[PDB]
Structures are given as C-alpha cells and as structure tokens.
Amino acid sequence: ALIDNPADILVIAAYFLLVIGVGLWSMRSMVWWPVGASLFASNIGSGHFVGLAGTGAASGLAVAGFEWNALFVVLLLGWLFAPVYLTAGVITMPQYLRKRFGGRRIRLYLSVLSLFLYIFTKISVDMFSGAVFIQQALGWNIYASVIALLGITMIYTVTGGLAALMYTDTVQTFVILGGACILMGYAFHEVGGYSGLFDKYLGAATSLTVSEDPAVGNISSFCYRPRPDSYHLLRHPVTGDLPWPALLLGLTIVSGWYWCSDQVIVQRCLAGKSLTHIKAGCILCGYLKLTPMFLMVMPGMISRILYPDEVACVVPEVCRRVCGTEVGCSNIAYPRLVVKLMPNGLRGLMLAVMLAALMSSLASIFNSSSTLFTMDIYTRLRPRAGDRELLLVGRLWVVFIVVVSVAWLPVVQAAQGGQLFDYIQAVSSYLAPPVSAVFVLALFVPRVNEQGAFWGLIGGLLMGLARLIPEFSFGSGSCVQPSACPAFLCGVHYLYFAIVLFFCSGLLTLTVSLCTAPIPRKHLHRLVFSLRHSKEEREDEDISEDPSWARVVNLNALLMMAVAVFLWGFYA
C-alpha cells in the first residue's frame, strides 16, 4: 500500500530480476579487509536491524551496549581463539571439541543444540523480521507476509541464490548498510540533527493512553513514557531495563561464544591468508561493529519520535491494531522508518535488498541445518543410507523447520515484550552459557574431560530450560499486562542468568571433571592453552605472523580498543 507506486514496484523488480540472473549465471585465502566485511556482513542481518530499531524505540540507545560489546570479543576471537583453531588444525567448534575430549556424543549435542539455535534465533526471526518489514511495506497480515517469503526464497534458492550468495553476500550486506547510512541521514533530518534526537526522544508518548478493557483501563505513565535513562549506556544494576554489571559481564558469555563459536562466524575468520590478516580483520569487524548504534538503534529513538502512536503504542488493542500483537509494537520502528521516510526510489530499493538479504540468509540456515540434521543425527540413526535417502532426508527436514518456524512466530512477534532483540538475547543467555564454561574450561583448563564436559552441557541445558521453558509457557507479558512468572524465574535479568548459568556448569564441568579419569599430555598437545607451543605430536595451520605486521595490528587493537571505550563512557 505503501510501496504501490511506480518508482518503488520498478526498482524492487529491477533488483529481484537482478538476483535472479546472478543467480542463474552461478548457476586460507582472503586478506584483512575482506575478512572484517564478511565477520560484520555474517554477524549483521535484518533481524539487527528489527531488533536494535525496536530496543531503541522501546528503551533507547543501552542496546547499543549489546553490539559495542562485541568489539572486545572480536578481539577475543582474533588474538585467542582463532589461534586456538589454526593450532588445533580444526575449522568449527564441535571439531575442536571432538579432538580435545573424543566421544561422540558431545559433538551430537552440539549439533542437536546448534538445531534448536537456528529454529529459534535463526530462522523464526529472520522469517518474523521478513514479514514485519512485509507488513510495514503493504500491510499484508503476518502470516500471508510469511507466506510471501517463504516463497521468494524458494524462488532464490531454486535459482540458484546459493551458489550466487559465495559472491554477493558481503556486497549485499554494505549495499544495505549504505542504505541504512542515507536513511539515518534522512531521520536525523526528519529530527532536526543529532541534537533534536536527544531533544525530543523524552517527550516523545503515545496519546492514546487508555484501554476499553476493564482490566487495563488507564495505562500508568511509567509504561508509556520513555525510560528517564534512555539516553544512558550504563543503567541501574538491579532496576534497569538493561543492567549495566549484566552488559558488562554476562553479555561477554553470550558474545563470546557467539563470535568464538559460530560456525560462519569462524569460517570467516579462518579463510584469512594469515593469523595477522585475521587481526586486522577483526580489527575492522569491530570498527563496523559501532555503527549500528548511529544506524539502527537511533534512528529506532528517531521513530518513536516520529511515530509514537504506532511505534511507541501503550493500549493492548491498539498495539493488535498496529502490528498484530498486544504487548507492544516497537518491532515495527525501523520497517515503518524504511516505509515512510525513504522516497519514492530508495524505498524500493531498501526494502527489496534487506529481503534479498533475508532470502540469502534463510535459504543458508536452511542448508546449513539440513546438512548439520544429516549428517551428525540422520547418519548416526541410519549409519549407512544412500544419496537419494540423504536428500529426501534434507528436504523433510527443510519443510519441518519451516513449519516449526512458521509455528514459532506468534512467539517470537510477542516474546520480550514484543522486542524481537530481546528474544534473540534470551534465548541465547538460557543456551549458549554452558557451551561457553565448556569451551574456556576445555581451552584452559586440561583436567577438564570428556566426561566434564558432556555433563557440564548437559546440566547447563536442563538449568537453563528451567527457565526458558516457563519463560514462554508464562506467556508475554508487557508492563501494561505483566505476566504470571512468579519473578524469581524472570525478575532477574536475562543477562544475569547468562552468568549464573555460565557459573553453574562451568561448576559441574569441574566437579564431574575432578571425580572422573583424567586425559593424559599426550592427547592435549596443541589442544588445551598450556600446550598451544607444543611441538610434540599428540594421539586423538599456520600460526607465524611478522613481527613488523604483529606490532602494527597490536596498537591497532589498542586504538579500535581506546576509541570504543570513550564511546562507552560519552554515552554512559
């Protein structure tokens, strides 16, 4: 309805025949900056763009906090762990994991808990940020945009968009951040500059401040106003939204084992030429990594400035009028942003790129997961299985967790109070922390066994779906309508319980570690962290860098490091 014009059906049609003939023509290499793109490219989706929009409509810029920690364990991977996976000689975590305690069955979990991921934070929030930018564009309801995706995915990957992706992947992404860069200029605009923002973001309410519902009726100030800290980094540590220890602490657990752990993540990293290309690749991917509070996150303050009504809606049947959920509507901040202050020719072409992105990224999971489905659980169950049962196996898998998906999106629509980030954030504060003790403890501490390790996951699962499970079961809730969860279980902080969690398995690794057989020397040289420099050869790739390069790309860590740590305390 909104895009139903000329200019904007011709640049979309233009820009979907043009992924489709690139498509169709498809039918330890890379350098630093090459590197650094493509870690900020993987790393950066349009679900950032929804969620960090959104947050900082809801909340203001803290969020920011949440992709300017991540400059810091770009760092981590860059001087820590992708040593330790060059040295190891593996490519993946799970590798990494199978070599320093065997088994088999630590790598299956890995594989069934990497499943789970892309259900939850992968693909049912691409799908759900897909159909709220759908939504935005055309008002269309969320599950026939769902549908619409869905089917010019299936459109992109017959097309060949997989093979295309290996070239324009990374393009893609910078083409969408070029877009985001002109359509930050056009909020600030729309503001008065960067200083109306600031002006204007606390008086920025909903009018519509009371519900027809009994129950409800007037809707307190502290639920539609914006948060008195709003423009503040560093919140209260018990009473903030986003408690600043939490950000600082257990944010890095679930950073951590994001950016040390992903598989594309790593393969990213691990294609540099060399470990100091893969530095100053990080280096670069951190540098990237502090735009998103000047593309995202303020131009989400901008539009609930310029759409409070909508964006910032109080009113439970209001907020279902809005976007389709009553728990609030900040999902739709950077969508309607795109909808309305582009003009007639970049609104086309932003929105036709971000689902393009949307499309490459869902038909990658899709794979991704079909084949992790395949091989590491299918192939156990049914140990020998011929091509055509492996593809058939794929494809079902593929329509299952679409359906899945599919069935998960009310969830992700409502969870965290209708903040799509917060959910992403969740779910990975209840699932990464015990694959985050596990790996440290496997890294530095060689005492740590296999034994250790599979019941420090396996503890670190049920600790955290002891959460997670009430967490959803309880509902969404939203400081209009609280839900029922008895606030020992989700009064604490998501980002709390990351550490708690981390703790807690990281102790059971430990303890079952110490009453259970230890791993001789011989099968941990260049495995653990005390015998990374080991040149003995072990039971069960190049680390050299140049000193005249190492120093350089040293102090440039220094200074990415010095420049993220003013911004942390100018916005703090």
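Residue numbers count along the first chain shown, from 1. Each form is matched to the other, and the largest set of C-alpha atoms that superpose within 1.5 Å is called the rigid core. Compared with the form deposited in another entry:
- Note: rigid core superposed between the two forms; among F198, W79, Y258, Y378, the CA shift is 2 Å or more only at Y378.
- Relative to the superposed rigid core, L555 undergoes a CA displacement smaller than 2 Å between the two forms.
- With the core held fixed, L431 shows a CA shift below 2 Å between the two forms.
- For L462, a C-alpha deviation below 2 angstroms is recorded between the two forms after rigid-core alignment.
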The other form holds:
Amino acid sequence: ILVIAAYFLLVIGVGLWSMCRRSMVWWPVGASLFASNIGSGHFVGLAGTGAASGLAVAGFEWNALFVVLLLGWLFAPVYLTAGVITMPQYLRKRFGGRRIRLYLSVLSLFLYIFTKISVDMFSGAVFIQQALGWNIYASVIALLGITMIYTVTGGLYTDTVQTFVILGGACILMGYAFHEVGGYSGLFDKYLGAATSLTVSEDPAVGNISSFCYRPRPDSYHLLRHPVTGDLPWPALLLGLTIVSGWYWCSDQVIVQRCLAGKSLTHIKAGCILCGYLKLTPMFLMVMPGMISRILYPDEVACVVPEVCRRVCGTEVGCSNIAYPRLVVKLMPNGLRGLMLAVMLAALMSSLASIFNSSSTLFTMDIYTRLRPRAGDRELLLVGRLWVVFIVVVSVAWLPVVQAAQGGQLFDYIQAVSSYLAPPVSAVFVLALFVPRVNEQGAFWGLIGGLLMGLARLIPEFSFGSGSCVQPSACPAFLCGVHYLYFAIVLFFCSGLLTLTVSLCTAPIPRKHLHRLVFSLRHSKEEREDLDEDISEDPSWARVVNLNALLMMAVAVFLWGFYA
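Switch from the form deposited in one PDB entry to the form deposited in another entry and print that structure.
Here you get just the chain by itself.
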C-alpha cells in the first residue's frame, strides 16, 4: 500500500504542478506512441491468450511493428504535407462532401468504444478483482472513479517516464517469474504439462470433458500455426492482421495525433523506429508471463469445468485472462505488488489519456463544426469534456459484452471485432492514398457496403454467443468456422473491388483538386483548387534512419523465425 500511495502522491503532485504551470524530439514521440498503444488491455489479453493458446498471439504485437514503419515512411509524409490535423479531415479534403467524413468519424468512434476503452476498463476491472477481491461491476465502478480522479488531476515529458515505469515494472516481473519457473528452458521444458487435474463437469450437459482442449495445444510453442487446422493461422496473421494494423496505426486518429507532433519527418521516423524496437519487447514481457501463471497456477487459470470457472471469475468459458493479474498477486514479493499495480495503472492511464484526446479531436472538431461552424473556445472545450464522459460511460455499458466473447478471452475479442469494421476503413484509405481514380461516392459506397457486410457477419457473434469445448456455440459452421482474420481479408478485398467498381463507373475527380493529398504527388509545387507541413530531411540523417530501420526489421524477422 505504501508504494501505491507514493505513486498516487507523485501523480497528484505532477498534475497539480502541470495545471499551475509540435517540435517534439524523436524519443518523446516514440514513448507517446508506445504509451498510447500499450495498456492494461494488452497485458491482460496477451497473458490470457498465451495461457490459452500460446505464443502465436504475441505474433500480433510483432505485426504491429512493420506497419509502424510504413506509417513512418508512407502515410506520414501525406499527413504532414496535406496539413491534416485528423484522419477524417484528410478524406474531407481529398474526396469532399460531409457524408463520408461524418460517417467515417462515427465508425472510428464506435471502433473506439468497442476496441480501446471497453477492453482497458475491463482489464483494469480484472486487475482490481484479482488484487482487491471485489466483484466485477464494483471493480469497474472503482476503476471509473480512480480514472476520473486521474483525469481531473493528472491529465497530460510524461510519455518517457510512463514508458520507463511500465518497462521497468514488466522487466522486474519477468525476472522474478523466469527464476520462479527456472528460466526460459524451465518454461519451455514444462509448459505442455500444464493440464488441470479437474475434468469432471458434474453437470450432465457434457459429463466427462472431451479431453481435447483442457490440455495445452500441441502447437502452443509454434508462432506459426496450420493454415486451416490450427487456430490463428499464418495466412490469418501475416495478411489478416496487416490490414487491421493499417487502420490501427496508419489510419486511426490516436496514432497520427500522437505522431503528428514530431519536430520533422526524420524525428517522426526515428520515433517510429524507437516504437518498433519497444514493440520487440512486449512479447517477452506479456506472453511468457501468462505461461508462467499457467504453469505455477494451472487449476486456477486453465479451468475448463463450467462450475469452477464460474467460481473463479464469474464466467464459465473464460478464466484464461486472469493469467497476468493473478501472477502479480502471488509471484511478486510481499513488499512489492504495489509497484506492479502502479505500472498497470500507468499503462491504463496513458492509453486512456491518448484515447480521450483523440476522441475529443475527432468528435468535437469534425462533427461539431459540421453542425456548428462557429463556436466559442470554452464551448469547444466543454463539448470535448462532455464527449469524453459520454464515450467512457458508453464503453462501460458495452463492457458486459466484452465479459464473455471469443471463447472467454479478451485479445481474441479485440482481434475479431477489429477484423470486421477496420478493413473497410483500411481499403478506403489505401484506395484514396494510392488510387487517384477513386471519387467521393466511389469510396463512400464501397465503405458502406463493407460496413453492411461486416455488421451482417458480426451480429451472430454477439447474438448466438461463443463457447469452449464444454459447450460450443450454436451457429452455422459456414458463418462461424472461418477465422475472423480470414473474413477480414475477404471483406477488405470485396470492399476494394466494390469501391473500384463504383469509381470506374461514375464521374472522376479532377487532378487540380488532388495536389499533395496523394502519395504520388507529395512533392508537387503546384497550387490546390481548395475543394473545401513542408517535410524535409537532410541526406545524412535520412540514411542513418534508413539503415537503423533495416536493422530493426532484421531483428524483428529474426525473432519471428526463432519462434517458428
């Protein structure tokens, strides 16, 4: 309690001093990106899916690496040269019309409510539930209260200290966990025996457990699985998640807002390099501790019997997601476990601050100005604060859906939901950035068709439900058997085809309106038609960043290959 009290005192003091009293260097930008992405949701989801499935889930985070450099090398020049403050404003400038911008902003807001805020709130809730032994809803209420206090006092230099604290805490935890199990060879030589001894299921619905998925998966060690037989197939990883990460980094407002503040293009590229190098790390720092929790505490983590799972977590399908919280509750020394919770709250606060700022700059700027062209600055700030409060309460209301989905594990739920609605935005952004032929309605109709098909495939997911081997969900295999990342690829391709079909069959857009808004015309010196910056880099720093980017890619590919 002393460590938590000291950390809270530090936060209150820093916030009070900040309240009383665009040229960011590369390292603060990289720290801001990492803190915006990494939160309690990432730790909980990665640990839970590592306990359930294995290291393959970590390959998701490693695939967030590559796109960042694309974000740093392909779409950042367009964002800076166009002078676009937000992402929907870019499409407002390039395409025109107030229908595409408004709809895309609304869709991004919904992707926020059930991809960023709700998962982080539930992760903080499970942390407090495991540590403080409260109910799930009471834990959500407590997290809401403490996050309101943090926002009122702390609010927004801080990125570097947040990242340093998070990395230090996670490194301490992994150091004390690996020796607890006996090391890397200790974890790899004893993981497959993590099967629980309780397979009874006294309820006559299933009787004896099928003894197929209570044991760890035989291919749990392998990062790459079978294309059809194995869960999270490699076609569903390499191609499936690149499309989603395109929206996450290169197209979402959170990352571009945390990235547009760089001093120059070279500083932005170096910050992206730092973020990728820090993205090498969270595999070791999240997925392996989940296996640690599975090994030391198999009966309390790998439960399959509905009764014991309901006792432990309140859900009969999950309890794989309590891998990380339980781990810090017991493994860490008695004097510790305050610093670990402080680190977790730090990650949650960084993520929520970034999300709130991005949601404010999305709704308060795009929609409100589209509705109220002129308003006072105080009114704008009040609208932003009210939107943050409303977005938080909406995510809290949506949290019960997050409670039990995609087999009871959270990160698979994030990947599934983000594989249904993001690919439309990804296809629209790619077509706008690289295909001049696209028009406003050509992109809009493809986008709305992709949304309709995604919703049609998504409604059964939370209608019929999901379950484990004990009680598989009752839904057609044709509309459920295909992996969510496979459906992401298919929907992305059909949305691209629809957008191209509508565009080539309808009146194009003149080129005079298309200066510096397309990656093929970043360096054009001609004037714009105003349908409604100044990037530069000296060769020495440019080549330095290019070579270190190549080295970072080499390291990422090496770690990809090393874990099969």
